[PDB]
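Number of protein chains: 2
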Amino acid sequence: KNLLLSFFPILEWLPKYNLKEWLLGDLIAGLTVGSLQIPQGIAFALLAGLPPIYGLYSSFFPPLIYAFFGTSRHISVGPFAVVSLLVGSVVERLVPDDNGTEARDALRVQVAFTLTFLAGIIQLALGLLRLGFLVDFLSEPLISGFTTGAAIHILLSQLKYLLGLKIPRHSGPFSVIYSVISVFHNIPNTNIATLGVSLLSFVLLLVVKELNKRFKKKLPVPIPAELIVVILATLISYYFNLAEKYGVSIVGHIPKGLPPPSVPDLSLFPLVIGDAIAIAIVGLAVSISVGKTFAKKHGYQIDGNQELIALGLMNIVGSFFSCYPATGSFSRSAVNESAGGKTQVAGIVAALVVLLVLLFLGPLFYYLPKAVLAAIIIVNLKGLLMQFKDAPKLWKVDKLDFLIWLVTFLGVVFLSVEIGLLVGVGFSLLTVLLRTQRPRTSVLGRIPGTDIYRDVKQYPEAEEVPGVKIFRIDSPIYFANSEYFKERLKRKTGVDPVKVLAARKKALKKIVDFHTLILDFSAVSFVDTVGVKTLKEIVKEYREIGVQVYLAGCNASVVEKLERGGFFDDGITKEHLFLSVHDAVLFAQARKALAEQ
Amino acid sequence: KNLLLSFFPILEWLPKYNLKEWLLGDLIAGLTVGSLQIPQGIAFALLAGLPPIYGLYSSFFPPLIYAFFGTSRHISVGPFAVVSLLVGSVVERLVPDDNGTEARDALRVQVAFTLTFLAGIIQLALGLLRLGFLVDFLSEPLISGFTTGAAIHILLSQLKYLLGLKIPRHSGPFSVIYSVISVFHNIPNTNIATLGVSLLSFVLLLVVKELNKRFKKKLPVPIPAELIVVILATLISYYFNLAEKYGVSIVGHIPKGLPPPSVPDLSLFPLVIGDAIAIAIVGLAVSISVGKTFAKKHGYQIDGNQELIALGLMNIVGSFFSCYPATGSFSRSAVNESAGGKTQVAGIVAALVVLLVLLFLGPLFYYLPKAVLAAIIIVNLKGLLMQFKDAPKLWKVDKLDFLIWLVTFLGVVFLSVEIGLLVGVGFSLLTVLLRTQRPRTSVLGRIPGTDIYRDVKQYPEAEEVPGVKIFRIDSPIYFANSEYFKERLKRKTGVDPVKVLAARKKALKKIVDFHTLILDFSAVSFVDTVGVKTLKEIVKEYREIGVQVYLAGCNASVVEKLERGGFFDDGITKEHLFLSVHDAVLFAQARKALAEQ
Ligand SMILES: CCCCCCCC/C=C/CCCCCCCC(=O)O[C@H](COC(=O)CCCCCCCCCCCCCCC)COP(=O)([O-])OCC[N+](C)(C)C
Ligand SMILES: CCCCCCCC/C=C/CCCCCCCC(=O)O[C@H](COC(=O)CCCCCCCCCCCCCCC)COP(=O)([O-])OCC[N+](C)(C)C
Ligand SMILES: CCCCCCCC/C=C/CCCCCCCC(=O)O[C@H](COC(=O)CCCCCCCCCCCCCCC)COP(=O)([O-])OCC[N+](C)(C)C
Ligand SMILES: CCCCCCCC/C=C/CCCCCCCC(=O)O[C@H](COC(=O)CCCCCCCCCCCCCCC)COP(=O)([O-])OCC[N+](C)(C)C
Ligand SMILES: CC(C)CCC[C@@H](C)[C@H]1CC[C@H]2[C@@H]3CC=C4C[C@@H](O)CC[C@]4(C)[C@H]3CC[C@]12C
Ligand SMILES: CC(C)CCC[C@@H](C)[C@H]1CC[C@H]2[C@@H]3CC=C4C[C@@H](O)CC[C@]4(C)[C@H]3CC[C@]12C
Ligand SMILES: CC(C)CCC[C@@H](C)[C@H]1CC[C@H]2[C@@H]3CC=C4C[C@@H](O)CC[C@]4(C)[C@H]3CC[C@]12C
Ligand SMILES: CC(C)CCC[C@@H](C)[C@H]1CC[C@H]2[C@@H]3CC=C4C[C@@H](O)CC[C@]4(C)[C@H]3CC[C@]12C
Ligand SMILES: [Cl-]
Ligand SMILES: [Cl-]
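Chain order of the listed sequences is A and A'. A prime marks a further copy of an entry chain. Letter by letter, the first sequence follows residues 58 to 155, 166 to 578, 637 to 722 in the entry's author numbering. Letter by letter, the second sequence follows residues 58 to 155, 166 to 578, 637 to 722 in the entry's author numbering.
Worth flagging that the hints you see were computed from the coordinates, not collected in a lab. Worth double-checking, as some hints may not be accurate.
Because identical chains cannot be distinguished in the list, a pair is counted as satisfied if it fits within a single copy or across any two copies.
[What the hints assert, rightly or not] Cross-link-like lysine to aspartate or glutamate pairs, in silico, DMTMM-like; alpha carbons within 20 Å at most:
hint, residue 1, residue 2
1, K463, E311
2, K699, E311
3, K658, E550
4, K686, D457
5, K553, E207
6, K73, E207
7, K364, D695
8, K449, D563
9, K717, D457
10, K364, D563
11, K686, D332
12, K577, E700
13, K661, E550
14, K285, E685
15, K409, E528
16, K463, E554
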């Protein structure tokens, strides 16, 4: 049935796969992306505090399970920088660095699996409850700001490995500040051989990237830069024996064999639930952003809810099979597309390359220095840092879009990354109220010899109709802007009906221009409860000083809510609702005439 | 100057005060409200965990300082139920109940003063920075929900005092649940004499309230119920000697003398900053709500910012002079108005009544049982509990207004009161995005023999113009709803321009109805950055399949932001902006004719 084929997209898109003009392309793309996943896999695993094999496990399992339940065709899932950074924060916070090393690593990976599990379950939940419309509310400025901030943290973290210092640091409030001054203090304790292999690594990386970009193809597959750099570095550090002689830190023992099946111990559920919620939201945001971009560019559509179910299932299975939360990335996805990726066959191919390295190659990466991994992370951070090109653009167009970007960026750098995201999302939602809370109110006049009405301050041509005052608000009337609307009505019509009633009563017990106000509700998108209360007030007041109030332009939903809210018994009838300002005006003049006689 | 008179309203409204038809009324109102403040002062002081004299200090100082800097004329400030409940939470959390008693009380009141100070400073800050428009965003359902929840907590807290049990409880997550089952467990440990004086207290209160309400005036001032009940109870508990014989808990020693000048020790600033922020926001919300209600009803206006400055100064001075955060209340304000309050002279009068009780009367309230105070609190909780009459009303009109009320109510009862308020405010802001995220899109037709255009599905009369497709969205085009807008455009116009371009290119390299789309932007309130990007996409796509796109109805601000965002160089010129759908249609038909030849 259509439900089972929509809950397993693989069973629908796989039979249709034409093996002649696609298979070659997807195999090229898969080999290119596998060659890129291995080094980064290990690197991002260090950045999350886990042992190095978890990167390989996270590069193997997730892409498979996604290929099965996933709707996007150009996304590459795996271990990505910012999710790695969040997992790292949690692990070293629940497990300080102080037999002992293996005990610490066992508790570390238990925390990692609990994180993966809870994040998977949250993503899966949101997907089943059809709440995948809430990923719309994660603004593009919000995620730009967020990922740029996180790239500042990731850059600072990998400075220490890059010199060879042994600085402890935090990800807590203002931690960046004392972390960089910690690095400025301990720069005389710089290992020189570590700095050497770091700069050698960067030189080899920039040579290979520039060379294979500008120079002639002579290759169906581009040159895997990170892989050959990792290979050359481990060979050098094994021959010249850097580890024991010069004291250069290396990657530990990488074990041979498939992942062991594990169980995330939920004893830690109340400690890590906060960071698991942050991991789930960041995963959704970046995975679905990428999917949507490539889908638009290649002329197809992804389902947000099925993407949440896919990503959720991916992380839960990974949780059992010794992984840490995977997510879509723009860098791998760009590489998977530019290589000639057409389907999730490319993901399956990449995962087979990581698989053969998990089984066979394995402990050849013993003598790999940690400085080469830190350099790889930095050259891949280019992407996220070039998003500072967005703060001027936003500035030029919309200052509230600029502020969302700035608040999230500063939130992330100069407080926690979880707190940064929370503050950013709040401010993001507030900016809608801030746009609608002082709307654009106008008094309309008729253009001479035409049956259209427009603003009198903006179109001096338009004349007010005698006896008839027409006022138009250009916004919803809800709790934020209802007091303002009533005030601006009483200011631009130049009548306060309660002051006028007070004057008239006072004069009569001691012994206005218009007879009809027409509210143009064409632009009133919606009303809430406070809006309806305010409208009842306005109509009752102007009834008391003897002024009929007509509504000209209400949409169906506003009339229905005014009807529910009891607008239609305090003097106003549904015979006072007109279709256009003109019809209201005509009826008003006609009533005035037939009531004169 | 006008600044000094606006920063001290007393210096402007006091000289004008006419001593003949007001002074008598304000003195009656002041005596009525002083008589009501004394008992409740003490009661609410117990509910906040402080010693009983702090209620009297908080009933004396704040009303004075408010009379000086305050803009409202019917508000009565003092110690109110919900602020008392928040202060209490903080105190017993930072100071558990375990010489010893006086040491604990000293640290308790130090915490209380720090709370008052920080809350005052936050209110003052918001007022100076002209951020008093943010008190608009605190919806009426949000505050109804919140105060009703808090009244459930306050009611449960005063059950234990009312029976005479010695149950410990919390205000933490789900604390209500195990707190009520704690009371159900310990009901066999009920003191009988305590329950006696509790029920005697309630009987005297309901007798005096009903009697002085229905029966003949024979009185310029109504009968102060709470005061005479406190007096009768202390006399009974002193003669019959309840305290030592039957073990009835009593109010401690109430000291004679003016408050001592104190200093809030800011060693506790990082412990109590959260709860001080909650106290400041709840104070603003309830004070300004009351001020606005009575101002509307009596035909004047209050300044939100000057109210924040007034309330801030009030709490800072109180902080120094041995008080805890005061706020406006609807109950006292109603009583101050119904008694014949005209100005803040009534507040000054009330504070003089509390003053003479601080100096002279004082330790006569030694033998006052705590059960009488708990009964007074419960009969004053009527107000807040009768707000359950709001959940049906909201339900009937607007389900999102109903959900704001429910989420805040449940947040407050079944989690923390601070967390309840935070969750409520979030959801409150989200409901604006939820209303605007799937707006009402339409395809418009011309009414026959009329130059107006309306929906074709809703008005079958209207016919589409040949060659011209008119589409109208009835919302802002921002990040929440921009993908939807593009989708609904491509669905209701029945053309996907990228699919059409693909078909045409494919056909040409192997070997639509309309020529003009008119976007009616009359109801587009605003655009953000993502909106402009989407609009550029739409225009570029329909340029590629050879369809001119005109904008008919953009307001000034949208055109300016489209101009900034670079909308006006990808094929569209400012010569494609029309004033009305009709003008666009005419121009489109004319261009088509003159281009045919
Ligand atoms: C009661 C509960 C309260 C509890 C507390 C909670 C309080 C919550 C907080 C709420 C406070 C937020 C209020 C914002 C009001 C909106 C006004 C607004 O922004 O419109 C813009 C002004 O803004 C700008 O353009 C400013 C940009 C510069 C700011 C920092 C630069 C630093 C550079 C780098 C230095 C780095 C570090 C420095 C930073 C420190 C002008 O807008 P516009 O041009 O007219 O166009 C758009 C139209 N609108 C939007 C205005 C309609
Ligand atoms: C664990 C529980 C967490 C619950 C959180 C609840 C959810 C959060 C809700 C968030 C709602 C909105 C809060 C964000 C306010 C933005 C401020 C702003 O406009 O400043 C802008 C940049 O300034 C910045 O750089 C801001 C940096 C971050 C913002 C801090 C806000 C306070 C919360 C931090 C909490 C600290 C906690 C301490 C440690 C725990 C510039 O100001 P501006 O005035 O717009 O400038 C233009 C001038 N005019 C003309 C417009 C006026
Ligand atoms: C990606 C990031 C995510 C991270 C996670 C964060 C997730 C954040 C969460 C977000 C989730 C919120 C989504 C809400 C969707 C809006 C739909 C909506 O409410 O419209 C209404 C349906 O709603 C109702 O009427 C329901 C009312 C009853 C509910 C409980 C009753 C209990 C009674 C007592 C029992 C007590 C206990 C029981 C309670 C347990 C229908 O609306 P309508 O009639 O058409 O009129 C208005 C029109 N609109 C508004 C619809 C346009
Ligand atoms: C200290 C740091 C704090 C930072 C917080 C950050 C800021 C918070 C941001 C708040 C943003 C929005 C969150 C509120 C979600 C409302 C849920 C909803 O719609 O349910 C409603 C009632 O259900 C209820 O009774 C809800 C009760 C409270 C809501 C809990 C939300 C999770 C946060 C709690 C945190 C727990 C923390 C644990 C302890 C610390 C009904 O659901 P519905 O689906 O609408 O029903 C109608 C059905 N359809 C048709 C509409 C579908
Ligand atoms: C996409 C890739 C190929 C870009 C080129 C990568 C190499 C050759 C170059 C360009 C990108 C560069 C990194 C980008 C980011 C930064 C941050 C900056 O504050 C210090 C230099 C540093 C750390 C750069 C070092 C050199 C670098 C790694
Ligand atoms: C310092 C951290 C917070 C990064 C934030 C950078 C912000 C504050 C800076 C970076 C570059 C800046 C822009 C650079 C260039 C111009 C062009 C000029 O004609 C108007 C100002 C404008 C548009 C600047 C506005 C502020 C800006 C966006
Ligand atoms: C405004 C005043 C005068 C109302 C009348 C007060 C007295 C006479 C009456 C009516 C209001 C009543 C209280 C209102 C609230 C509740 C909550 C309910 O679950 C149990 C009874 C209890 C605790 C009531 C006890 C009796 C009570 C105190
Ligand atoms: C139990 C706690 C959470 C209090 C919340 C009460 C809510 C869920 C209840 C209280 C009273 C109820 C209302 C009582 C009466 C009616 C009239 C009927 O024709 C339609 C339903 C309607 C409108 C009910 C809807 C739900 C309602 C508002
Ligand atoms: Cl990446
Ligand atoms: Cl009260």
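Hint check results:
{"no.": "1", "hint": "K463 / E311", "verdict": "neither (55 Å within a copy, 77 Å between copies)"}
{"no.": "2", "hint": "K699 / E311", "verdict": "neither (90 Å within a copy, 71 Å between copies)"}
{"no.": "3", "hint": "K658 / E550", "verdict": "within (11 Å within a copy, 34 Å between copies)"}
{"no.": "4", "hint": "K686 / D457", "verdict": "between (42 Å within a copy, 17 Å between copies)"}
{"no.": "5", "hint": "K553 / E207", "verdict": "between (35 Å within a copy, 17 Å between copies)"}
{"no.": "6", "hint": "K73 / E207", "verdict": "neither (35 Å within a copy, 57 Å between copies)"}
{"no.": "7", "hint": "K364 / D695", "verdict": "between (56 Å within a copy, 18 Å between copies)"}
{"no.": "8", "hint": "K449 / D563", "verdict": "neither (61 Å within a copy, 36 Å between copies)"}
{"no.": "9", "hint": "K717 / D457", "verdict": "neither (59 Å within a copy, 41 Å between copies)"}
{"no.": "10", "hint": "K364 / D563", "verdict": "between (56 Å within a copy, 14 Å between copies)"}
{"no.": "11", "hint": "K686 / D332", "verdict": "neither (51 Å within a copy, 53 Å between copies)"}
{"no.": "12", "hint": "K577 / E700", "verdict": "neither (38 Å within a copy, 62 Å between copies)"}
{"no.": "13", "hint": "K661 / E550", "verdict": "within (13 Å within a copy, 36 Å between copies)"}
{"no.": "14", "hint": "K285 / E685", "verdict": "neither (70 Å within a copy, 51 Å between copies)"}
{"no.": "15", "hint": "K409 / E528", "verdict": "neither (60 Å within a copy, 49 Å between copies)"}
{"no.": "16", "hint": "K463 / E554", "verdict": "neither (33 Å within a copy, 28 Å between copies)"}
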